[PDB]
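Colleague: As a plain string of letters, each chain reads:
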Amino acid sequence: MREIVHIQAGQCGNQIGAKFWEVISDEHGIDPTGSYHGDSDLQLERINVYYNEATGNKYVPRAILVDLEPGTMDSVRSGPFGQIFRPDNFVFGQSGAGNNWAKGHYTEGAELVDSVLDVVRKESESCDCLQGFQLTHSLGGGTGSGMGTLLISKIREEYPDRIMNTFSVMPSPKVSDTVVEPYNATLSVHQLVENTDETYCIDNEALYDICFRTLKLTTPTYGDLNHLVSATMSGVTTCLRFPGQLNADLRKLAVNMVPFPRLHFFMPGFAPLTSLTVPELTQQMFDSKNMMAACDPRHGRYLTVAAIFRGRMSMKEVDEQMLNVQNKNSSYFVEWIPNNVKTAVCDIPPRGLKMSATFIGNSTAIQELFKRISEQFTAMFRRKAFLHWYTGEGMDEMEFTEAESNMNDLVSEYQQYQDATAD
Amino acid sequence: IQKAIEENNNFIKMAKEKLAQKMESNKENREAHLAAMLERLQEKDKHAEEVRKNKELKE
Amino acid sequence: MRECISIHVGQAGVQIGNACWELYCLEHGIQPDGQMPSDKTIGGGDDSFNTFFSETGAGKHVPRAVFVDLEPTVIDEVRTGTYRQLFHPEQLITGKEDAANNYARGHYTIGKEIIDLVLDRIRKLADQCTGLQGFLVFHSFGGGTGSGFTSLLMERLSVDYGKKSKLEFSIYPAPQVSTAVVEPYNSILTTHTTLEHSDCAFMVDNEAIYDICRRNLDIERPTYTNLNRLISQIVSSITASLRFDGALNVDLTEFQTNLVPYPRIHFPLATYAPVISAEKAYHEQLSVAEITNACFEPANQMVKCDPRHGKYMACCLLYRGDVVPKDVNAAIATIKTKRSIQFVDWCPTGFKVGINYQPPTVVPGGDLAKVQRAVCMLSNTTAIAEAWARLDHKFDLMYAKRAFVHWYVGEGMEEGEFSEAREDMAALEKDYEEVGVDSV
Ligand SMILES: Nc1nc2c(ncn2[C@@H]2O[C@H](COP(=O)(O)OP(=O)(O)OP(=O)(O)O)[C@@H](O)[C@H]2O)c(=O)[nH]1
Ligand SMILES: Nc1nc2c(ncn2[C@@H]2O[C@H](COP(=O)(O)OP(=O)(O)O)[C@@H](O)[C@H]2O)c(=O)[nH]1
Ligand SMILES: [Ca+2]
Ligand SMILES: [Mg+2]
Ligand SMILES: [Mg+2]
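Chains as they are written, first to last, in the authors' numbering: chain D, 1 to 42, 45 to 277, 286 to 360, 369 to 441; chain E, 83 to 141; chain C, 1 to 440.
The following block holds chain D by itself, in its conformation from the complex:
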């Protein structure tokens, strides 16, 4: 009876959001019609976290679908589980964002934001005790990046004591030739640093490399990248959806993962990744090749880590192997946060796997991600390239400089605590 309200904005946000509901609906035994046909009572014990139960014993995702164009949301409605979403929770426009953060944040998005809040408000009123919100979106586009960060600010104004979580997709030249993505992404990070409590960094650069290098996919599609996002999102929400002791709600997760409010950008990880023992799950789980953000954790230090093991296995062996990895890699865990690695175990494994492992790391090595975006940002901002797309919507030059400085400061803060010492 601790409800989460889900929001998905823009093309990317709606696609990964739709597949998120497909996966967890299968895990909870919910079919596309909303009826339960599972075999375990553990599936329904915390179903209220993500589902409303309309009379008739059908479960309706507590989900809101937003986009400044109908295209992506029309495929959701006509796809699998499209009929499970509440039709009133579809809020779309016709103008579009044109991959312009300013359009989605200040102009077109500002016209539609009020109607979205009406739906957020209606859903939140019927909550026994709202936990907070989780937003799926990309930072390289216009709607998900611009209007998504706008929704965050407006929701926070009305629910300032609730947790704001985001699944943010970072742009990569390997998965988009659209050139103004460094701008839209830097402007988005500027907002996320200030108005979110927890952000999972879904780096498209990492997803591509996993599909190509590891899984041997010459031409990775958005569907291939999204199969990783779905498995990851399922993993990092397992503690919220099933009975458990560790990080069972958004606030407790934030308290365990965020030692400083601005440093709330996590590095997801998943294992196995195959185109299986507990020692191998744990070794791979801490390997750079299994990270959903294109950063090497051995280039920084871990502030906090959450490990989630799924499937039937030996808890004694899990505890042993988690102690083993920390001891053998003690240099990569800050001394001044004792016992900063917490472990959860869920008896229910994902679909198609006998056992899996999900990794949530708050590592200073994440600066490599922001450094990559910053390098792409300054390369164009130095040339004032494409700024008329943004000044034409009313923006000022300072706002670009401010977003730049704030992201560069975020990098410095990660380096500060990476260099910090106990003695």
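Nothing false has been slipped in among the hints.
SDA-like mimics (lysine to any residue), calculated; alpha carbons at most 25 Å apart, straight line:
| id | chain 1 | residue 1 | chain 2 | residue 2 |
| --- | --- | --- | --- | --- |
| 1 | E | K137 | D | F418 |
| 2 | E | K98 | C | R123 |
| 3 | C | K401 | E | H115 |
| 4 | C | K370 | C | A278 |
| 5 | E | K85 | C | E196 |
| 6 | E | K126 | C | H406 |
| 7 | D | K124 | E | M119 |
| 8 | E | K98 | C | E420 |
| 9 | E | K100 | C | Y161 |
| 10 | E | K95 | C | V118 |
Simulated from the structure, these hints should not be mistaken for laboratory data.
Add chains E and C with the ligands to chain D, keeping to what the hints say.
Modeller: Leaving out everything else, chains E and C with the ligands in the frame of chain D:
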């Protein structure tokens, strides 16, 4: 026996006042924390108005 | 008279409370519906077990207990569990949002919204008592409710009941089963706020209980159920003098006189024996001497520390079962001639002994063997300060960087409360050093 009564009453008294001060100081601090949060958010809305006006005048 | 009200706060306190009251019902012959065929006085009585159980006109024996948690899922198991008919609905109090492992939310933001209702329900129990003796408060150090709401409750109880005695059973955190990085913070904050409001506190180191279950009972990965059933036995031994009577029975308050030389030095170290599985206990009878010797094996302590490197200020032996003073005295004599039991120079060295003849009980499906005799030692040793030192060190590591402090400030707390609490702990560690120094 009167001194025993006085000390026990002073312990109750001082415990009641210390707690009343903590709960009051805590309410004011938390309210000030939220006030600053919304005043920053409302400044963003005010800034969004300038952006939309800066564009309208550009036409 | 001499009624005792128990208060179980947070998940740890509630779940330990479930194990304790189940064990009590078995020790006294009370059924899950509260009926007790052996009790021939219906509706009331002055028997020893009435210190912990009230009686209704319908023959139900009701725990003098309140369960409080800021979220409902744990107490909900009590509402639907095997002993749901044992408690009146008003004894089980729940909120909708927990403290998110944040002392500030348990003591202020969330706790303040339910504190008045909790005090009201405690008052309802106190009004039923003709001679209330005090309270027993079960809570964890690490949880936001167990730390923050307990401190608030303790402060309020001092106001509403004066210096009426309040005893704690406190769960000291262990990495093997901990659920929050900030548990050192919450531990220091609640220890400081409760220090002046507690007369006696028994700390239970989860790592000590964890190791005991692994080593003595061969439980590979002990669960809370494993830990809590062991903790129940220790709590039972401690309260047995209040719930039973006998010629050789010694009241817990009389041990207290010896265990607390100064108000702040009120943290006894408990050691329990025998902890043995049914397989090893078979055809192996453990004598009085053997279980007494086990009390001085540090591996059987409830808190990890080395009394061999500290000084004793009191030693109490609480036996239960087939035990007579003759065998006790012989066992004690052997131990003094072969163990490093160094007392401070300002305390007598004699051991204080109590014997309850009711033998120990085990819950069905448990791991502990049923034995004919058991013992819990309660000693006041400077070595228990080791537990403070370990916790204070983890506090200093994080607080030097103000790690996670924003979660507390955001809920209304100030850094001054952190430093104030830490300084009180430093003085407490200092107090344990001074009491161990020889007199000039
Ligand atoms: N021995 C024992 N320890 C427990 C038990 N349950 C929780 N703990 C310990 O208590 C600490 C966490 O505090 P909890 O009691 O679970 O939290 P809480 O009091 O409900 O506070 P919030 O959940 O934050 O509102 C950790 O150190 C756990 O290891 C239990 O049943 N037995
Ligand atoms: N993983 C993934 N990334 C996407 C998807 N669609 C778009 N993106 C990324 O998002 C960015 C474009 O933003 P987009 O969501 O299409 O614009 P929007 O409709 O205004 O939100 C690009 O950098 C893409 O790599 C998708 O289905 N999956
Ligand atoms: Ca009776
Ligand atoms: Mg696109
Ligand atoms: Mg709890």
